[PDB]
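In structure tokens, the next block holds one chain alone, the form solved without its partner chain.
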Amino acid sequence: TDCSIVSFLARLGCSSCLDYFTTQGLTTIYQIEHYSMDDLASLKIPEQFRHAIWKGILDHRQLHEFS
């Protein structure tokens, strides 16, 4: 299912990154479900968080496919 980016990041310990999404009008996981690492870099997400967030996004993709 879709979910808020607030909820999604909280599960990954990446809540400090919320504003990078919200300032761009990004509020749901479906909006960012196909974001790559390059895309997260474009949002200016600090490097310490990027791989963790991206791996979370990939997991959501996979759960979505096999749901």
The other form holds:
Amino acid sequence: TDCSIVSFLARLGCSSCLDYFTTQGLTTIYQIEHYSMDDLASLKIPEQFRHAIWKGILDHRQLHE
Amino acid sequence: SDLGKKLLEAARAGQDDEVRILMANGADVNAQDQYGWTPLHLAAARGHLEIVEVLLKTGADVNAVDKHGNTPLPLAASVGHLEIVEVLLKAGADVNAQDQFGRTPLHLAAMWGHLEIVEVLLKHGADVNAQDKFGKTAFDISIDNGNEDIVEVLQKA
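Switch from the form solved without its partner chain to the form solved in complex with its partner chain and print that structure.
Up next: the whole complex, starting with the chain shown before.
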């Protein structure tokens, strides 16, 4: 199973957001696992995607991997 | 390619005049980054219309795919860049291209609530019955995300 941000965003239908993570050196779901709505806003993720990405991160926390 | 790396950065940053100068000086229009994005992917995702135009005029591949099956059209359709969608379609973008999760441009316009893009995609032959890997149509996704204007246009299409 792929822990890349690129796979995570693909699954969420948010691949258009990838370059906002890449420019900050963010490549794995474990780097962003503790990100708030505010952290995502600070990446300049378009507002329309923030809730979906945040719920994806929450879903990852909810696995208790 | 050094000019190719420069072109990807200029396309990312939305610096049209810089893109034009790099293309005039022989930059590879189809340069790729580590994820398989071209300057056209970057300009479509970040909403740089004049750069999309310049890149297409200087021989950009309108159907270039990254390492997860994304073409530029679904990236523009997702963020709601209607002008970019129409320019890509006019340059021969595959309206029903599917990514690794089987999502089409219609799926992603329906997902992120872009009504006028859905309408433009329908006019260009978007497939209302196309199923993604979860078995869902654009209509099903428009329900899931509450995009009510899109539910009304796709209902029993």
